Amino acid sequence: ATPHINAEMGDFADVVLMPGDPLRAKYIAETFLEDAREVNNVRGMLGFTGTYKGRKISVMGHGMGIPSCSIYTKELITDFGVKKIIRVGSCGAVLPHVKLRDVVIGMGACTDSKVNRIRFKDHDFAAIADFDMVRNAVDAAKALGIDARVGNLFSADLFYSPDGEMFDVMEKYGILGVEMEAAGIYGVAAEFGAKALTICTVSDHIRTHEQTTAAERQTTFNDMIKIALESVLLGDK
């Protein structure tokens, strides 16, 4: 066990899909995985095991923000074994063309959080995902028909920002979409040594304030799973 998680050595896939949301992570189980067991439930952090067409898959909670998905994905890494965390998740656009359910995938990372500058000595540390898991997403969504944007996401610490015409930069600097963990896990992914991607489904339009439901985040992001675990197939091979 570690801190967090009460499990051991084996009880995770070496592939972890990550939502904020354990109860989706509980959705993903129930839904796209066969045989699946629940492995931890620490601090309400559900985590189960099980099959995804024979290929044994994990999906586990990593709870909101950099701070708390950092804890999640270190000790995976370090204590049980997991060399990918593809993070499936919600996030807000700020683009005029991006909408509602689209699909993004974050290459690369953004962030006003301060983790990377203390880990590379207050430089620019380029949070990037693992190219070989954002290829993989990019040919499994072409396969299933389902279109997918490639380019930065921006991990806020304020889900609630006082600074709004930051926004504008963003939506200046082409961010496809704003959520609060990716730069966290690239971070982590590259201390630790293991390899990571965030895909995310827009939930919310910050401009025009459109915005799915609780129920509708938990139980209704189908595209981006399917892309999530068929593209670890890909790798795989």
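Basically, rigid core = biggest C-alpha set you can superpose within 1.5 Å across the two forms. Positions refer to the first chain, counted from 1. Compared with the form deposited in another entry:
Only one of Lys53, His209, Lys172, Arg37 has its Cα shifted by 2 Å or more between these two forms after fitting on the core, and that residue is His209. In the core-superposed comparison between these two forms, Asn222 has its Cα shifted by less than 2 Å.
What about the form deposited in another entry, after the form deposited in one PDB entry?
For this one, just the chain is written down, with no partner chains and no other molecules.
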């Protein structure tokens, strides 16, 4: 057991999907995992382990923010033998052509945070995902007939940022989506030798100002989850 996870080695699979919302983890466990057992509830950060098409898989919330997901992923990698982490969340759109229900894969992640600079002698550390995991995700989305956009995400420390001019910048440099963990998770993965990937569905559009709500929205969220789950299956083969 670690400070934020009350479980023991073996309780988690070597791969863990991680949404920001713990309630979302329970939703993933019951919707896609068979024989899912809760392996953690500390601070209400629900974690589950089960199987997908016979493969052992875990899913657990990481809370909101780089500081939050950093603790959890680190504890998973160094104390529970987790070798892969796939964040599955929502991001805000900045690019006009990126429509809602578009699955976004963060090959890289820009950031507002100072954590990677702390780690990298105040230089620029390019926070990137594991290449194979990105490829597995793209191929899985393909097999499912889903159009995935691979590019840069932006991990912000302030969901309510005082600088709105930054969004024009993110747009100029092609940032595909804005969220709050990717850069943090990739920094932890590189620091402790594991692999990570972040997948997002666009729920908000800071461009055309139009969030999402319909059966269609929830269908895209599940597609993302399937992409994540199927991508690990391809990784095993």
